[PDB]
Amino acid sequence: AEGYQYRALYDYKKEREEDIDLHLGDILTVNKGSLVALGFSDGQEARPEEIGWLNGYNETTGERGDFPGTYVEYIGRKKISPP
């Protein structure tokens, strides 16, 4: 399984409770399935600003939730592996 990774370029304080805080440098991983379900074919994952809101796992803080695509940069794919 593989996810798409993004890095936070700006700080963000959650508005809604399903949002997550972003801190400069935080690494986020979004499961491909969630993007596929939104019809995000082609390669829009490399343009999160264009996507709008993403839902993922903040690798740096351990929190899961929604975060704005205009606040991050796509850094590439990551293969998820079992523990």
Contents of the next structure:
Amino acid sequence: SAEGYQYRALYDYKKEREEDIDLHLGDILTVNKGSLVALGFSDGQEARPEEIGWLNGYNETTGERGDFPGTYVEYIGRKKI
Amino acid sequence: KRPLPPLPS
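Follow the form solved without the partner chain with the form deposited with the partner chain bound, if you could.
Next comes the full complex, and the chain you just saw is listed first.
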């Protein structure tokens, strides 16, 4: 997709698995809209990452991509990617 | 689903 949902990390997270990424307070993540379409959460639940569970996206702040817990982040809006 | 970790603190 040409669109991304944006999140900001509210807490630090140390990666627990190879596919995970580290989060640091204030990091900004972009989840491709296609990812949430695929999971069935694109009909509004993008704004409730704590209800989705694990997310996969790009940490714009660190340049790393991978899985991170949705309860650790806040939805901040969407952008073109 | 993979379990979520609790929030830190």
